[PDB]
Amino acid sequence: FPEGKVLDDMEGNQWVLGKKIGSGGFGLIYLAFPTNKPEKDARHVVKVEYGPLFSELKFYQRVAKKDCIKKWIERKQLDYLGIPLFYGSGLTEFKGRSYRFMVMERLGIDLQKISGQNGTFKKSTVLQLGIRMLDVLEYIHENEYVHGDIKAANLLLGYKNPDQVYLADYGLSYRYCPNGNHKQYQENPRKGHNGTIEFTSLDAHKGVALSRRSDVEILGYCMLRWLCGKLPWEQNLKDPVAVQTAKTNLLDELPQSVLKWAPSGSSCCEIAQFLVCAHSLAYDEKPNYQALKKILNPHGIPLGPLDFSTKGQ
């Protein structure tokens, strides 16, 4: 697609493209500017596909409303909420094929790229990331949505503020509570073992519709990975059933399963308690976000900027 190309979103706003700034599977990402405001400052990007983008579109149109997010932050006294802002979307012709685009908030580098020693960050960073995502999860959950794929590759540092962290890629996000109607529990083997096998919930392994607890479980597994440097099931990633039984054994054998895994110069008291609290949730139970943030921060410490320093690694 040529730089200079003017896109027209459903709202009738007009978006001039910049240089490709990467791509995933199903996604090309370009810089973008509105055609009316200045060009000193690329605040905006354009994601393009042509399935999973539509999931994001649904997520972002319903959940990522600026002022509503503004009302929320103010009440709960958060410095910020790790949700990318959404500006509009629409279609555009490239050959004779049509493509779907979404104009998103511009953001910095993803955490996996900037992992510390192996895939490891400093404990107090691991614990703040978990608290930050607890802020995000409360918000999306409250708005009928689960992420279903929390992991380092989908945690981005701010563009404006790098000490700010943001949860992205709502391509596996699921509306668990449409207008207050919680989904029923039904195991479906045919819908079994979607997600990132390393971090996906047991509900996900068993082909259950993702609910609030699955996100909490996922965050649990993630923290464990960012601290201890790997997971008991690092071996069995290609046998998802092996991964499921591993996860099952870890949760049925808490807290020790988790306390034992930590290297000596670090602790898993918080991560262990956190998973213990996550395991005691029924399929349709509201997580106690405030209590889990205490578990992650038992000394009621204030949150510094994120330390990713890799001095010595």
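Residue numbers count along the first chain shown, from 1. Definition used throughout: the rigid core is the maximal C-alpha set that superposes within 1.5 Å between two forms. First, how it differs from the form deposited in another entry.
With the rigid core aligned between these two forms, only one of 99, 174, 72, 86 has a CA shift of 2 Å or more: 99. After superposing the rigid core, the C-alpha of residue 304 moves by less than 2 Å between these two forms.
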The other form holds:
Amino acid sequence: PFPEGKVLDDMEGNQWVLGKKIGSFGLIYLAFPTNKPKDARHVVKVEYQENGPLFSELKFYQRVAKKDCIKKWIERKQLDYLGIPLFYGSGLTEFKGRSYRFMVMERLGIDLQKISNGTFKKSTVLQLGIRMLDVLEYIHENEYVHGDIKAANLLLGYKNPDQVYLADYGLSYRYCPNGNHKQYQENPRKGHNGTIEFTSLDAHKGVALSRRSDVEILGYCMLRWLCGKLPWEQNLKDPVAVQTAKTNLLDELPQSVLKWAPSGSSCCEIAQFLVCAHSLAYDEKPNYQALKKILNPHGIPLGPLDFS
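Now the other one: the form deposited in another entry, given that the block above is the form deposited in one PDB entry.
Just the single chain follows, nothing else.
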């Protein structure tokens, strides 16, 4: 890999020093700015090899993760925070005989899969959804969809673990380049992509991801976080079976969702959400404010995330 203490030059002038390799479509290191540098509050993602998939993810961060754009959006929407990892820059570095691409990103805490089976308090499941909706509205406005929401790609902040961040934009897609929404085409060859437990129906058919697909995956997530299981989990080996089960579930809403819930818990809000989500056309803009009203109907403001 790359040795500790290596100095990297971003394309905005800045210099960064590598830290410990904290695991790994690219390698992840802790990062320190040389200027006004204690504990690492930055992270570096470095390309695995020549001509890799970093480009996709790199493009997204450069295009939409800039702090300027975010701070402006937060003011316009009156939001407390927006769960996108801050992007500090990217550049080129030479290891051995060739150049490599690296990203510099805000440091984050632990992911949700590690925290909790995977069952959280209902209050928490709903808040996670509401937070994810804000992130989705913003990225969707910027012509991009995530495509892989799951517990593993939601991370708490390092400095503030009260706040949560959607991570891992590798499988992200530009659905609306330059205001031109993609056409609908089913492709069996480019089919069943993403995490099978939560991938959208459009993904099962090889249709290019559009905004609704993100909303659908979130609904699946929230159901799994609340119930601890999904109907299709028994037969993940057959992706087609999974598509069938997802179709069935949505075809028979809301009882299908309601029946799934374990005694003593309710999936009422989640069932409505999937109802609202499954109503959408391929090119339709989700009603983010209605979806958020669904997950927090009373209108009491959100409290701190609870992982007790």
